[PDB]
Every structure is written in C-alpha cells, then in structure tokens.
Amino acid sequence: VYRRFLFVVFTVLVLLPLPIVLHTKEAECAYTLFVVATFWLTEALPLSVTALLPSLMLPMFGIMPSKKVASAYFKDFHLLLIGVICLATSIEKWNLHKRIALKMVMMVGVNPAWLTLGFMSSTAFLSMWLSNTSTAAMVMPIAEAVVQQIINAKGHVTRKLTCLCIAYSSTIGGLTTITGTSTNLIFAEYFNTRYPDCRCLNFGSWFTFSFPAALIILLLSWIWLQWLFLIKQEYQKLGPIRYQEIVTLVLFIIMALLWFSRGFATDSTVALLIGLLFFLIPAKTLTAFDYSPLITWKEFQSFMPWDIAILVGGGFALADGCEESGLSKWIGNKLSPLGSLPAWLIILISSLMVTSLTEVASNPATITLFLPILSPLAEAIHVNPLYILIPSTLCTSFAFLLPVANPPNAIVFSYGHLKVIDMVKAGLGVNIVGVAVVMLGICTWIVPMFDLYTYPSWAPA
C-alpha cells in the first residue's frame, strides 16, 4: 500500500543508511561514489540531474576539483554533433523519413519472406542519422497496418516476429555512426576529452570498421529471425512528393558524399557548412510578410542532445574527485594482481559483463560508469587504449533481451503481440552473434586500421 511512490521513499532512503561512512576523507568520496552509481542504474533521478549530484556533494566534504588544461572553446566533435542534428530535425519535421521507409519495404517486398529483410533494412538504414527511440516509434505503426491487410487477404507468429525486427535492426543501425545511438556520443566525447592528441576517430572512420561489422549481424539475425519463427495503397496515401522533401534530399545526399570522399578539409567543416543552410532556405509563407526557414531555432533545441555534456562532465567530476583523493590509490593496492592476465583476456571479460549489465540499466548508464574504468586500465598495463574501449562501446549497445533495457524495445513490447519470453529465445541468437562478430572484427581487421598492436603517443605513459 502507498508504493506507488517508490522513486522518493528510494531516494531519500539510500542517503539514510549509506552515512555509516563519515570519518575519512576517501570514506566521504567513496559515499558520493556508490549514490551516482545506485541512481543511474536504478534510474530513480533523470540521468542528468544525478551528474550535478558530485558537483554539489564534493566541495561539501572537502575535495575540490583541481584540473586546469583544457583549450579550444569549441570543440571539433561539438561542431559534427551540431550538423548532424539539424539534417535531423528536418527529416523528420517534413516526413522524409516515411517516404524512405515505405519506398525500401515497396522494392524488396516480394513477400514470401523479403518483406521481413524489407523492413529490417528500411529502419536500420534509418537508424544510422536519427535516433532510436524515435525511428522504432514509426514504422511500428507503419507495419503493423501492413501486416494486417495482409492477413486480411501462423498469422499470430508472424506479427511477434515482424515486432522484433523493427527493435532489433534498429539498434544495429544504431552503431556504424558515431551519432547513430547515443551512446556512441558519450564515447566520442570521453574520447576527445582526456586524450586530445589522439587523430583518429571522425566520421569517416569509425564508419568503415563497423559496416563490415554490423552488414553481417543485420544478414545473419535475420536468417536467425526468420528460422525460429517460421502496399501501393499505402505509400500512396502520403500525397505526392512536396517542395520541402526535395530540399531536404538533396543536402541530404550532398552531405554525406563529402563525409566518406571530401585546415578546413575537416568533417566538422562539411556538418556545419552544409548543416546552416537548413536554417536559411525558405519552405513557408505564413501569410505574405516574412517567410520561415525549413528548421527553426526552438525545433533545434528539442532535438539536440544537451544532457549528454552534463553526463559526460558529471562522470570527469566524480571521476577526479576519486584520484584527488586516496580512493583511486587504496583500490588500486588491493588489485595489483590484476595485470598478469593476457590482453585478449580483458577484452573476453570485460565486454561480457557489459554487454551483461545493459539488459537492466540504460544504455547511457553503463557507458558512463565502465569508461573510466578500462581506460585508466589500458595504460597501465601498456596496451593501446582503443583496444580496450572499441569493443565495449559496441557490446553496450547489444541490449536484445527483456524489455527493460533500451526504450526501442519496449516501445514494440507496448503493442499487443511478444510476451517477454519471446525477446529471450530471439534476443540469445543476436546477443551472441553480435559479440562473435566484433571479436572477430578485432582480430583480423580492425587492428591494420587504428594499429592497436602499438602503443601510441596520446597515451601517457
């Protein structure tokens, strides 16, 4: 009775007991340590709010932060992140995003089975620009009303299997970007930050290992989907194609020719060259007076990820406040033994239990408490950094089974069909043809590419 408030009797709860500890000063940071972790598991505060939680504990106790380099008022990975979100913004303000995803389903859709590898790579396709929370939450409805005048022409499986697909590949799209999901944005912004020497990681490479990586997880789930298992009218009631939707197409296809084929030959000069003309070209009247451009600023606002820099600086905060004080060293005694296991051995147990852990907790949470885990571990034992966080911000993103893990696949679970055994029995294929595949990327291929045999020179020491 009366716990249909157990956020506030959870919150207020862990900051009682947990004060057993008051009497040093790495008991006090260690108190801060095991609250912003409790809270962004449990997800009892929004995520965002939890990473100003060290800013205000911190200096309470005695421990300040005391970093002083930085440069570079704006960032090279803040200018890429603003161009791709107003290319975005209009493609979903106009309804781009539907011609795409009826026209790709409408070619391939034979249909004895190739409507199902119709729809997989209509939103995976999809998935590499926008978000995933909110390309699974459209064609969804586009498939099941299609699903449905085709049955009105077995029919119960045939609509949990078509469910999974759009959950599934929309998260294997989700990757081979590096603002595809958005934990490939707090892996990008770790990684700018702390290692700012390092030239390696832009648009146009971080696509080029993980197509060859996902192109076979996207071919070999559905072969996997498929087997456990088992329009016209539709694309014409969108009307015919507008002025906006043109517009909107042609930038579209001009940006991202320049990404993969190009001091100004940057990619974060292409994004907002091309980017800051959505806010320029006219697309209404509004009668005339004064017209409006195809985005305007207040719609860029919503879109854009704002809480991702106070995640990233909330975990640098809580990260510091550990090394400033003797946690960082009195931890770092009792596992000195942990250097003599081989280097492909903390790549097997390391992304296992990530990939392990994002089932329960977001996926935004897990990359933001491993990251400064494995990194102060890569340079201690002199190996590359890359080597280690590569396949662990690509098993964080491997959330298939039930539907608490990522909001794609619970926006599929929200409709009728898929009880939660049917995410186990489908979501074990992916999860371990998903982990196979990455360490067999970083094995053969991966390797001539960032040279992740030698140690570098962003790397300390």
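Residue numbers count along the first chain shown, from 1. Here, rigid core means the biggest group of C-alpha atoms that superpose within 1.5 Å across both forms. Compared with the form deposited in another entry:
Shift analysis on the rigid core between these two forms singles out 251 from 361, 216, 251, 369 (C-alpha displacement of 2 Å or more). Relative to the superposed rigid core, the position of the CA of residue 32 differs between these two forms by 2 Å or more. Core-superposed comparison between these two forms: the Cα of residue 10 travels 2 Å or more. With the core held fixed between these two forms, residue 180 has its Cα displaced by under 2 Å.
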Contents of the next structure:
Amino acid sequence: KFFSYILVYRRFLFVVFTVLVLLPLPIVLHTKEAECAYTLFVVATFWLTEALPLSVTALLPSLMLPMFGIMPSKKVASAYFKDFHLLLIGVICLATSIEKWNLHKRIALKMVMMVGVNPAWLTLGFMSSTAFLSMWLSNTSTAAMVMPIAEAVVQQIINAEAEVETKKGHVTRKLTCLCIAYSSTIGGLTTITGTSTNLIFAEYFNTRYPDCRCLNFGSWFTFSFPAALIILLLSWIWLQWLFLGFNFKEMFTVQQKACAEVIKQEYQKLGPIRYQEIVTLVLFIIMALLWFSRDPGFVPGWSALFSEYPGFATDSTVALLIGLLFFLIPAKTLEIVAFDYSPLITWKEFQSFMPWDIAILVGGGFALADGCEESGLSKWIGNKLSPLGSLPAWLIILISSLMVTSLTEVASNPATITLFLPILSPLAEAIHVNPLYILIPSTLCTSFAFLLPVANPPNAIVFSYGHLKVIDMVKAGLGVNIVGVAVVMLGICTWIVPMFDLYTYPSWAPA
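Following the display of the form deposited in one PDB entry, present the structure of the form deposited in another entry.
Partners and other molecules have been left off, which leaves just the chain.
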C-alpha cells in the first residue's frame, strides 16, 4: 500500500530526507565551517542523482550561503556571471549562425564523404582532431566550437541509416558528447598555454623559483606528450567499450555503400555554398585565429599591442567581438527592397539555442567554489593535507594527486591549483625531494575533471546538447580519471625523472 506511494514520490522524499539528514552538521560543530560543508554536500548529492534539475540545484548556493552568513547575497549574485559566460555568449552567437544557415550540415556531409563511415574511426578522428586543436586555443573554446560539427556528423549518419528502409542513435550521441568533452587530455597537458591550470602553475613556479628555468614550451611538451597520448588512446578504448561494442577484428557490406550513396545524394541536394555560409566560415576562422594569436607562448601575440594593461582583454573579448558582428552583418534583403535588410542572426533566434541552463549551472558552481573559499573549508582541507611529512614520497604523491583530482570535482581547475600550490610547495621543500616531483602530478591531475558538468566548462558545454544523463557521464569519467591517474603515476616513475632529475634535491630549491 504505502510502498507504491513511497516509490512514486521518490524524488521529493529523497530531497526532504537528504536535507534533513545532513541538517545536524551545521547545528553540531558550533557552526564553524560545517555550514559550507553541508551546503556543498547537499548540492553535490543533488547533482549526482537527478533529485532536482541541475540549474535548480545550482541556484541553491544563492539560498544557503546568505542565510548561513558565509557571504552576502550580493556577492553570491555577482559570482553567477563571470568571464566564461561572456565567452559562452560569444561562441553561441557563432553556433547559432552556423546552424541557422546549415553550414554544420555541409561540413558534416563533406567530412563523412571524405573519411569516417565506421563509428570507431569516426570517434577516433573526433578525439584526435579535438585534442590537437585544443593544444593551442583552450579546452572551453575548442569544446564549444567542434561540438556542433560532431553533432551534425552524428545526426547525418543517423538520418542516412534509414537506407530507404533507435537505441543506437542516442548511445552514439552520448559517446560523441563524452569524447568531445573528455578531449582535455591533449588540450592543456601538452602545452603550458593549453589550459589555465598550466599557466598558473608556470607563473607560480617562476615566481617562487626564479633560478629554475626548465619550465618552458618545448620542455613541457617533451615530458607531457607521451602521457597525454597514452591517456587519449586508453580513454578512446574505454569509451568505445563502455558505449557500443568493441571488436578487434572489425577495426583490424552493402549497408556502407547505401549510406555513402545517401550521403552523396544529400550533399548534392545541398548545392553550391551560400553567401551566409561563407561569411560564417570566415568569421569562424577569424575567431579561431584571434584566439590562437592572443598569447601563443613561443612568439609574441596581439596582446603585446596592449602591453600596458595586462590581462584586461581575455579570450571572451575576442569571442564577443567576433560574435556580436553576427547581429549586424546583412544576410538577406527584405530584391524588392521593401523596408530594410535582416541580420545573420536575430536576438529572437539567439535567446533560443542559448544554454541558459548551462549558464545558471556554471554560475552556481562558481558561487559554490567562492563560498567554499570564503569560509575556512578549502583552507581546512589544505591544512589537513599538510602534516604528511613522515609519509613516503610516493604515498604523499598519491594522496596529493587523489585529493586534487577529487577536489577539482566541485571547484574550477584554476581555483584548485592556485589553492594547492602554496600548500604543496612548502611541503615539497620540507622533504628534499625535488619540489617539481610533487608539483607536476598535482597540476597534471587538476585538469582531470571528467566527473559531472560544471567541474570543467567543456563538460558543461557538451552537457548543453540535451544528452543530460549524469550517470553515464559519471560512469565514463570514473574510468577516464583512473586511467589518467595511472598514466600520470607511470610517467612520474618512468619518463619524467630522466630529464627533470626529480630524485635528488636541486640547487635552485631553497636549502
């Protein structure tokens, strides 16, 4: 009798139960830092299991932090719109222009005609291309720009699968989403400028250790490319096994010819390229080049033109500058010339197709991280990590790597690395084991945020495309994170200590 009533209203009952069961944490402990811990636990629990919509959960910090007195409501609101949101708006303008004029369909059909009919090679090509392109621009930018093309490819293959005559389509869409999202292994690990975490680490190391000049482009790549490539290959294998099937003999039929014929027929139906598509392609190229030319790290960029106000113009300035141009560039004339022209995209079309839910979710994650920093919660974890000097070096490395890769779960990678570096470096120098030996694994594992969205902006951008099953993302991310941690361990043990000389105390380290 009552069992059915409990089963039907499981979400409401679970929400109430998890609010009340963690309630003793604030009242007990004299209300010191368990309030922010309780807020984080409740929000994370609601994020793991779909008790509430993800954006509704992201709005919870705006309730909990002000009432607990951790930080004022004005500051919590100010934390909801950040630089990433301007970047997202700028990129979404371009994405709307791409999809409205069927440029994505044309690119997808051309790519399918060229190579990649087999799903395994298609996924491998997506991962390799996204990983290579993310070497230079950013994780967020590349994950945002290459995702529409992959979605178009998958949609076109699904449409052509009819062959003049399902469960496979959605699982392939999830696999494509995850492989685009998880292609952070090359995008930032390999190059110092690839990710934010790697610029912050380099700046901190140079400031704290001016004598050591080993960290530069062409030396980060040497020790980081093998590990990142191994992670990429193993993650591709793991994703191809988890979703769909893996057969060794298949990678090592008339349906393929029928699909190729359908794809060719559709491509011919597209016809010659249009003016709007040409303009959109040119603006895409200009945006990508401007992102690449901000600060390559080996040659001066255009930021040297502004070499008086450093850090003022970020990637989002480029995104906005090239995206707002879509609202004023003429697309069609209303040759009657009745009233005026029309823009490439109108605000009506931009309001839709905009991931407002993703913006709210990332804002909520930012607010939660800021609330954790404001209270003595992150500092508490860092101070708990400090008294491990008596432990062996490898155990210290493993504990630090796991703690960093699990604390970047709910906080942005730059915030986690900026928090942990001042904590680890005195700990590294307390023992005589080569502070790089402990700094490298932590900064490598900080970017391994493959679990849940909002942890990494690429994850949220990919999550924006409707395949909102968090449990699948968690299942894939656990394996990818384990693979990444294992490969980082193997690299520290094998490849990195020859060139960085991580076994003995260096001269540049303080005595």
